[PDB]
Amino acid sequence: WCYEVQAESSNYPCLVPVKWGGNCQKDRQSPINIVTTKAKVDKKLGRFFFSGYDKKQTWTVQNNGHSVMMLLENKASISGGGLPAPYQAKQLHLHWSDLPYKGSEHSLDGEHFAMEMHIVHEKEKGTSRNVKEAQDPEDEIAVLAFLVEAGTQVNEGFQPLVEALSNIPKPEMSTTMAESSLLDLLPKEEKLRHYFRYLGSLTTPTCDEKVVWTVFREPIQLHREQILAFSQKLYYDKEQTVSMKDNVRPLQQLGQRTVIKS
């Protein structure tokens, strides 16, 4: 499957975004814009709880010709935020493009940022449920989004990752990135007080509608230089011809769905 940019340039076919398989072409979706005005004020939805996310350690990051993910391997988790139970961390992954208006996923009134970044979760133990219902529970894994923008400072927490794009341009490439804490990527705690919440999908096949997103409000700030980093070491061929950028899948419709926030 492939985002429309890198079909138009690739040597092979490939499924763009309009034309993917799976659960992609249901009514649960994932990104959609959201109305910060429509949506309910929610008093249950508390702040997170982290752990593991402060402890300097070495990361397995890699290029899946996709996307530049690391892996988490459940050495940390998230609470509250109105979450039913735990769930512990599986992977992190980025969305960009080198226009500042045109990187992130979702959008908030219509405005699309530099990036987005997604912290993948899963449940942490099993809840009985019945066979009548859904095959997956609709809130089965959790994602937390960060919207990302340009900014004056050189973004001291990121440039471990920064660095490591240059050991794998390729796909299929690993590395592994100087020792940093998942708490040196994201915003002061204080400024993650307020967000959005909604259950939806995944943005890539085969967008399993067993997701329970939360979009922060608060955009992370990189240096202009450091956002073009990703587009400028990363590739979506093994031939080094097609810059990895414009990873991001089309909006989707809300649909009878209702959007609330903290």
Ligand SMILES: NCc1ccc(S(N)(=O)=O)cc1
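Rigid core here is just the name for the largest C-alpha set that superposes within 1.5 Å across the two forms. Residue numbers count along the first chain shown, from 1. What changes on going to the form deposited with ligand 6LH bound:
Once both forms are fitted on their core, a CA shift of 2 Å or more is seen for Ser10 between the two forms.
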The other form holds:
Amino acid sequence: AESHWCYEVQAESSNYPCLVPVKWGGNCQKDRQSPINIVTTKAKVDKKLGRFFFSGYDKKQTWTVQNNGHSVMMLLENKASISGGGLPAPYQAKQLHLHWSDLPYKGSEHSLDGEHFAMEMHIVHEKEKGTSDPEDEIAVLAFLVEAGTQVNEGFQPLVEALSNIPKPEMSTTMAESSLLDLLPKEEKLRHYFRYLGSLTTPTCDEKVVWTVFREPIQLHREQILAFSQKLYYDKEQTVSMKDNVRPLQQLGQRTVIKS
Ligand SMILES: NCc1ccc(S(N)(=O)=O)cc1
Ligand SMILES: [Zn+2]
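If the structure you just shared is the form deposited without ligand 6LH, then what does the corresponding form deposited with ligand 6LH bound look like?
Below: every chain and molecule of the assembly, starting with the one above.
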């Protein structure tokens, strides 16, 4: 640890030294890492990957959202959970965050068939374990965001909040909203890809069961741009928050499956 981890854009846009992704520590240099490219036609169908059950996702709340220095993060505080989805247990929702750029063809961490989307939203959940840490301790739901001209009304509480948390360690309260307001129609979430991997920031622990849904969220270009326009990596506000994306990792001998 000669300096704090950063994204490539941070090193490029500031003179202050920081560790770019290819130099990250902890478990980041191991071999079941994320994100990956998914060749959709090569992922095998597994019949056991059934529909998800969301609990607490329809409920209107006033979520707390904060700039943690490398993303914007809603604190979910177990107020929601998931089961199904071919998962081994229910998982409790901890936080929701995003990764983005300011060009429509980049911003996502994963790629489908070599295409990056304009953003990627991660909902982070924790395993309800039994008595017998594991490979699937964390379930992250990943949604790709496609830029367009459709105004997503569901996103507007989040987008309006961004103005209030431009600097790291700032928090605010969003207007009344549900998690489903942020997602595609539930019927469209039957198609997803599944693999085992890591967290995409240090320490990059290899304890994540990944789900990447095929159906993108549609967001207006300018709702996407609001992220890089309103947020900063630093209190000095010298580097607009964008390209908070880990580069693609090698699948190696792992297998990707789909519903
Ligand atoms: N702060 C721990 C943490 C949680 C979630 C991720 S991610 N990008 O979903 O893989 C990374 C780090
Ligand atoms: Zn993430």
